[PDB]
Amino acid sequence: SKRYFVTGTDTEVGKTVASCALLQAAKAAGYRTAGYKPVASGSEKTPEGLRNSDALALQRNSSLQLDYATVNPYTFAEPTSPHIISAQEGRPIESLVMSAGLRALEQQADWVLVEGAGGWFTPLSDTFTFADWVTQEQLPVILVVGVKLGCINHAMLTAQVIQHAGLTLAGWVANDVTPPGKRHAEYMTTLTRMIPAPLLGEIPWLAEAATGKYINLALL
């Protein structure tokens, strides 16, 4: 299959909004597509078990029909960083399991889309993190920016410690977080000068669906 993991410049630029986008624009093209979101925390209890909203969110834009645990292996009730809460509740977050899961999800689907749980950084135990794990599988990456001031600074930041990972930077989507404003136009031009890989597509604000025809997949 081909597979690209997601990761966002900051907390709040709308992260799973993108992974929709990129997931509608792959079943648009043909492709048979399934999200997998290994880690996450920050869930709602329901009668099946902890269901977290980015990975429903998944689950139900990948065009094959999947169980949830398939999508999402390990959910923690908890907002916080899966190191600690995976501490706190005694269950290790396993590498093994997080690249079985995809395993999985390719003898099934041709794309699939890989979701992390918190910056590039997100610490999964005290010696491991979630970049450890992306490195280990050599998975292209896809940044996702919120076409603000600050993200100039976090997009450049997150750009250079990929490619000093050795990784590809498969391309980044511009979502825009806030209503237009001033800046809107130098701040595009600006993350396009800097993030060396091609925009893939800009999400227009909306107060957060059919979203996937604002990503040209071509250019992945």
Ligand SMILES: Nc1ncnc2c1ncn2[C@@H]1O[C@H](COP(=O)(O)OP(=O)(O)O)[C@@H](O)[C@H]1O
Second form
2 protein chains.
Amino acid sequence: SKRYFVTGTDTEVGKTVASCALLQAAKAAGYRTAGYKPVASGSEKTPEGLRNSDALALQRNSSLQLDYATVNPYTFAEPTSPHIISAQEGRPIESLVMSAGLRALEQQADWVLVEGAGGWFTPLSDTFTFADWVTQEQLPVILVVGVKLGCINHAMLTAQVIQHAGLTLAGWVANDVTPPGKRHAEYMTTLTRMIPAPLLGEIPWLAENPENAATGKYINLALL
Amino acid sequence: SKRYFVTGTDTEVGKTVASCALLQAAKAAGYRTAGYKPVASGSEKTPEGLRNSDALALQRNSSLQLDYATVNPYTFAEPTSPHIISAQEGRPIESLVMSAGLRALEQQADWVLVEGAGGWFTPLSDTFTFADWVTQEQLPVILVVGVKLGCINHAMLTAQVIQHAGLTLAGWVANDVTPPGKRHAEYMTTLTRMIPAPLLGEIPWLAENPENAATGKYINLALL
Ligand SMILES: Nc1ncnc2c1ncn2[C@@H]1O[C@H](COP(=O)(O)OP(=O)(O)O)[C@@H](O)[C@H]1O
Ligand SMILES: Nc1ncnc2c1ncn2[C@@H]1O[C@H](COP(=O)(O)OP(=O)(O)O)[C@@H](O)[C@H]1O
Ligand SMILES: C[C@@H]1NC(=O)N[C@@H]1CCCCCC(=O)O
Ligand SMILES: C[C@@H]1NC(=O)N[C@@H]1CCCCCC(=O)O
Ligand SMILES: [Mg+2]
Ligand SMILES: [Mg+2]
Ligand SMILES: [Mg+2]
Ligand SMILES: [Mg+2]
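Here we have the form solved without the named molecule; I need the corresponding form solved in complex with the named molecule.
First the chain shown before, then all remaining chains and molecules of the complex.
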């Protein structure tokens, strides 16, 4: 069954919005989908415990009805780096637990999308990063590029490090985080030439609730 | 004579403010200093032609009185990627010209700081990046890290790519781009452990005109 890890050029560039588009496209293609956000920070209190908004978006965009903990085993209240809040709360983040959760989702889904947290190298402990886990799992990687000044550099940096870890950069998604600007077409051309993976699609600037917008149509899953 | 290239985790993270601090510290140490911004975009019209604000800051923080063109040979009006505006204006950016300017500054300065543009991989043409030129010149690199969420990932990405190009990462500067936040000390500890170079100093949050503030005192040039 298909598995992809979605990373971004930084936090707040559209990993979640693009992940929802990817999931919607996969459902459209007829897959039994599941989104997985193993580690999340910046969460709200509910009667059932802490709930993170990215995990909720992935959960509602999955074709299967998934229990929250299955989508997101590790939930932290404070929106800081996972290693910091994990250490302060005395709740270690374990590779084995993250991997077990991925396997559990594969029990019922045949197309699984895993969203990272922050950018490529987000630390999970003082000696282990998110990049370490993706490398262990050998997940093909999808890069979400927020189309904005500074994204060529971040996209190139992330792509190079991914390739140097021996991993497959399966594709990239262009996310229009801001309204159209002057050098939009030139930026798209530059990113397209420089990123060594297929451009899967471009998600337009959608001001209101992009996470629930019908954005599956912007992704060409046959290029994946 | 000493030469350093200053790069940043992105544009707008403090390359210029930190570069001024570095230059001020070097003047304090007794060096005959010069700042060099070979390529600049986002400039204002004057009677003498276009003038870029980073180049002006480097010029005024140099111990020597330097002509503007010597500090910044390539000046573009629009603040977009150098390769885009160079191509649209029909003004090619040449490695040879950038290198000649560096040599010219070495005629009178014994300590030269070269500020890049954007982040590490800013394109200068469709086939040549700023990273290519730094690699040709074999300049030791100073990384400016804007202390903010997302900087651990960008700092790690930039450091890894620099080391993989065979270059020396001579040090890093922590720049407080925003007022103090909750995980400041933890971020400093994490960056310190992860960046494989000496922390040269930390520039505090200085709301008003940081470029002309006396910030040389925040840099320990003996760690360089
Ligand atoms: N294409 C879009 N159009 C408009 N707003 C966007 C779009 N993509 C992202 N958003 C908004 O920008 C912010 C960051 O997007 P998100 O997908 O949560 O980023 P990340 O998951 O990388 O943290 C959110 O408020 C989101 O609603
Ligand atoms: N430590 C500082 N305190 C407060 N403001 C900062 C500081 N460093 C940078 N600035 C401001 O942030 C913006 C970006 O800094 P600059 O040095 O020009 O970044 P870059 O050269 O990487 O583009 C500028 O407006 C600058 O005046
Ligand atoms: C040099 C430009 N003018 C400026 O002051 N910052 C811009 C940085 C542009 C980055 C171009 C590549 C990228 O998007 O990463
Ligand atoms: C996961 C966190 N919560 C969130 O929504 N974004 C934050 C990203 C944190 C980045 C930590 C490493 C760095 O600073 O690069
Ligand atoms: Mg987010
Ligand atoms: Mg997200
Ligand atoms: Mg700037
Ligand atoms: Mg600058």
